[PDB]
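*Asks:* Each chain, written out:
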Amino acid sequence: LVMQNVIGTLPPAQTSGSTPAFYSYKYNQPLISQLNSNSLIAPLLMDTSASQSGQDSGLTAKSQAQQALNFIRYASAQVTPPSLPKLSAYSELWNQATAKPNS
Amino acid sequence: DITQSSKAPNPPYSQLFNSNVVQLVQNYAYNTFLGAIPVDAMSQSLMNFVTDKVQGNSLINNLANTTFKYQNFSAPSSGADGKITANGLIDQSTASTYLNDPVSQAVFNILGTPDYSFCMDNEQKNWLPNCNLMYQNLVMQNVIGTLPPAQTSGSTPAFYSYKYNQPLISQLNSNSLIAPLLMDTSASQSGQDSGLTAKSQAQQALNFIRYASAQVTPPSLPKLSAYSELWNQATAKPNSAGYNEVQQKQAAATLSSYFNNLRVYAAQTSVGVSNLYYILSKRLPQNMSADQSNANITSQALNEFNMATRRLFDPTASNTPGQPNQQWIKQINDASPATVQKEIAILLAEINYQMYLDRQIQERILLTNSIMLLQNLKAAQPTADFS
Amino acid sequence: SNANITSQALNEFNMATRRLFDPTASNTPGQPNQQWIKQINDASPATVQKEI
Amino acid sequence: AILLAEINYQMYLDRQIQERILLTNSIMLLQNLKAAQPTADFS
Amino acid sequence: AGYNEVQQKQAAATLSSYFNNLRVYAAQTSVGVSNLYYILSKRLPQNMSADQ
Numbered sequence: 209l210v211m212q213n214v215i216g217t218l219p220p221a222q223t224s225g226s227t228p229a230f231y232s233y234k235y236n237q238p239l240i241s242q243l244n245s246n247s248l249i250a251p252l253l254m255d256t257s258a259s260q261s262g263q264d265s266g267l268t269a270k271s272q273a274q275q276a277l278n279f280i281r282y283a284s285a286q287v288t289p290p291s292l293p294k295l296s297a298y299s300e301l302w303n304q305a306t307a308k309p310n311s
Numbered sequence: 053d054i055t056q057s058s059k060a061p062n063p064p065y066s067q068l069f070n071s072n073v074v075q076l077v078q079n080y081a082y083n084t085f086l087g088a089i090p091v092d093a094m095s096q097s098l099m100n101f102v103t104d105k106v107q108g109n110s111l112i113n114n115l116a117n118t119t120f121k122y123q124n125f126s127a128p129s130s131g132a133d134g135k136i137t138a139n140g141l142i143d144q145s146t147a148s168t169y170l171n172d173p174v175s176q177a178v179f180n181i182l183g184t185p186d187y188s189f190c191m192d193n194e195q196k197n198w199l200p201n202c203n204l205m206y207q208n209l210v211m212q213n214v215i216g217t218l219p220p221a222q223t224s225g226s227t228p229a230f231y232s233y234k235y236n237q238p239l240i241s242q243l244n245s246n247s248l249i250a251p252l253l254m255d256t257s258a259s260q261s262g263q264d265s266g267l268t269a270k271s272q273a274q275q276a277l278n279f280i281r282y283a284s285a286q287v288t289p290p291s292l293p294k295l296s297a298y299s300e301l302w303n304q305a306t307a308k309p310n311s312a313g314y315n316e317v318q319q320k321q322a323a324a325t326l327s328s329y330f331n332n333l334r335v336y337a338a339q340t341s342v343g344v345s346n347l348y349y350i351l352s353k354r355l356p357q358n359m360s361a362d363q364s365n366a367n368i369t370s371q372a373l374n375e376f377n378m379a380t381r382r383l384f385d386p387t388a389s390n391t392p393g394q395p396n397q398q399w400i401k402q403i404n405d406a407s408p409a410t411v412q413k414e415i416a417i418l419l420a421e422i423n424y425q426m427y428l429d430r431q432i433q434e435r436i437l438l439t440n441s442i443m444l445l446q447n448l449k450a451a452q453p454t455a456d457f458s
Numbered sequence: 364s365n366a367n368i369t370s371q372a373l374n375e376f377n378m379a380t381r382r383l384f385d386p387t388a389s390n391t392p393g394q395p396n397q398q399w400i401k402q403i404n405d406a407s408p409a410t411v412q413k414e415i
Numbered sequence: 416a417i418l419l420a421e422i423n424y425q426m427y428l429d430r431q432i433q434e435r436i437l438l439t440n441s442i443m444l445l446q447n448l449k450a451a452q453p454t455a456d457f458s
Numbered sequence: 312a313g314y315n316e317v318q319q320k321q322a323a324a325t326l327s328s329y330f331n332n333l334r335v336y337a338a339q340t341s342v343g344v345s346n347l348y349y350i351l352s353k354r355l356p357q358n359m360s361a362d363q
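Protein chains in written order, with full-length UniProt numbering: chain X, 209 to 311; chain E, 53 to 148, 168 to 458; chain P, 364 to 415; chain V, 416 to 458; chain G, 312 to 363.
A few of these clues could be false.
Claimed, not checked - In silico DMTMM-like cross-links for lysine to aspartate or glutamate, where the CA-CA straight-line distance does not exceed 20 Å:
id, chain 1, residue 1, chain 2, residue 2
1, X, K294, E, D362
2, G, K353, V, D429
3, E, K320, V, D456
4, X, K270, E, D104
5, E, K121, E, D456
6, E, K270, E, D255
7, E, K196, G, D362
8, E, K105, X, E300
9, E, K105, P, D405
10, E, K401, V, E421
11, E, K294, V, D456
As the list claims (entries may be wrong) - Residues of chain E clear of chain G, computed beta-carbon distances all greater than 12 Å:
id, residue
12, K105
13, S129
14, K196
15, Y206
16, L209
17, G216
18, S247
19, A250
20, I280
21, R281
22, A297
23, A361
24, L373
25, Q397
26, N423
To be verified - For each label pair, taking beta carbons as the anchor points, the in silico distance ranges come out as:
id, chain 1, residue 1, chain 2, residue 2, range
27, V, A451, G, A322, 25 to 31 Å
28, X, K270, E, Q237, 29 to 35 Å
29, E, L437, V, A451, 17 to 23 Å
Read the hints as simulated data drawn from the structure, not as lab findings.
Idealized CB from N, CA, C, for every residue including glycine.
So that you can see chain X by itself, here it is in the shape it has in the complex:
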């Protein structure tokens, strides 16, 4: 769920008048800016004025400071969280782990 929110709406196969494909520059216009690392290291003081609106869905950043925030999230591999235990297996081996002494 969290990295579907990262996605927003996922981009279609071939370029169409409704929504551009995934490699098309029109679809890639907003994301390429937050995928540039200079966004973190070039500017000298960030601007937080919400003026730009690139993607109607997914992680979209309205400010250059939020561009840097989007990149720091991406580079930190934060959009992909680690895999946490399954309920069935974890509940079983927890029930075994918290076994009462000889009970």
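Knowing the structure of chain X, use the given hints to seat chains E, P, V and G on it.
*Replies:* Same frame as chain X, but now just chains E, P, V and G:
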């Protein structure tokens, strides 16, 4: 010896040897430094170094991406002038027309270089006659040019023969990036015309830096047919049109995690390509005077070399006694105490500037090693496997 | 009322980059707050030592 | 005066060396990351 | 002459990718070659005086 008035200087000097020369040098210092930093180049506010509230906002913001805007990176270069440009041989176009920042251009290649499958049929058996789109196979064939033969022939060289390798050794040698302080902007070089070739020392640097960034092997984007059926499966409304929700969310997660891996990869590359392009950009020429008839050309590294070596042997400094514009140290030997403390003040100011840009080198060290740590620990994601 | 804004990188920048060139400085002779090197050009030895 | 002159010069060339490490670490980052091309496999 | 396009481009792709890996490797090794040559080259003899 105060007793002799003749041995005293005449007329007296209490000012610096030449404030004008250090002034021009210093303004060029500022211009080169603020121009040399690579900055996201897509919209006017996007390269804004500073906000509008700080004084002098315009005269810092206008100097963002100076090296590439002067160089016309966005507009492809014909090659007759040997200008740094987005080659229409490796770089995808914005038309389904090139991006203004080489680093964003590179990560844009990473994200937007399709597989050959979109230029196949949907059964991966034959090839379309015309395909405007630029797939990874096609671009890196273009990097080859004509593929070279096995045994050297009278017409064509073997791939190992030195005559085949005459340009490639320069293209591929690392020093093409580091040793020069200002790249040659004149297309005095005409290499072998097969695919990518450098027409200038600056192009030699560019082709090296892209070669190191390994853009010639763009990542394998999804198959048209495979991805398209998982698309049809996932994007559809669940429990309608012969669909459901289980594999819908499942395949949705699979494709989305795939593109997530792509973008984290691309950001990690953008890091490295950003530093490489900054190393390259410290050494590009920049225009100092707005009027081209009076235009001055100096680079960040060249000009910073001048901050270094103007107090030392200066090539234009006179080296014969009795002439003006003498060498710096001999000028000190005949200088006044007020003048000498004056010059100590200024040279140590230049100390402060230069260990500032040393700061910036260092924080870039942080950038790189932190990224490499995150990648390395990403290679180790805690699995919840208990069997 | 005097709410003014800076970051730490930009502030360390203009702390480093205030003497050599200055945007606020007057670039025409005869005006106040000229370039630091030009102000030095008429400064007293005690003044320059305090700068040191 | 000449002492701080040499100081400018020397720690200038140390700056050169620092940009050299910058270069080395950058390329090792790219080659590690090249060892990690994302897979278009949908198994 | 008994050829068709599909394995033609497939084979072209295999060769071209091979040389691509070759040149990328060459660049990566050559950075190390260059800095090692630099560190040694700071230490080699040089003649300054224009007359031998």
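*Asks:* Does the alpha-carbon distance linking E/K294 and V/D456 stay inside the 20 Å limit?
*Replies:* Roughly 9 Å separates the two Cα atoms, so the pair holds.
*Asks:* Holds or violated: 25 to 31 Å for the Cβ distance of V/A451 and G/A322?
*Replies:* Since the Cβ atoms of V/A451 and G/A322 sit about 27 Å apart, the hinted range of 25 to 31 Å holds.
*Asks:* Next pair to validate is E/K196 with G/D362; report whether the Cα-Cα distance is within 20 Å.
*Replies:* violated (73 Å)
*Asks:* Could you let me know if the closest chain G CB is still more than 12 Å away from the CB of E/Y206?
*Replies:* Contrary to the label, E/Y206 does not stay out of reach of chain G, its closest Cβ about 10 Å off (not over 12 Å).
*Asks:* Hey, is E/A361 genuinely clear of chain G, shortest beta carbon separation above 12 Å?
*Replies:* holds (38 Å)
*Asks:* Does the claim that E/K196 lies off the interface hold, with its Cβ farther than 12 Å from every Cβ of chain G?
*Replies:* Not fine: 8 Å to the nearest Cβ puts E/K196 too close to chain G.
*Asks:* Taking the minimum C-beta separation from E/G216 to chain G, is that value above 12 Å?
*Replies:* violated (10 Å)
*Asks:* Please verify whether E/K121 and E/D456 have alpha carbons no more than 20 Å apart.
*Replies:* violated (53 Å)
*Asks:* Hint check: E/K401 vs V/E421, CA-CA at most 20 Å. Holds or violated?
*Replies:* holds (15 Å)
*Asks:* Next pair to validate is E/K105 with X/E300; report whether the Cα-Cα distance is within 20 Å.
*Replies:* violated (60 Å)
*Asks:* Regarding the pair E/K320 and V/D456, is the alpha-carbon distance no greater than 20 Å?
*Replies:* holds (18 Å)
*Asks:* Holds or violated: are the alpha carbons of X/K294 and E/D362 at most 20 Å from each other?
*Replies:* violated (68 Å)
Hint compliance for this structure: hints 1, 5, 7, 8, 9, 14, 15, 16, 17, 18, 19, 20, 21 and 28 are not met, and every other hint is.
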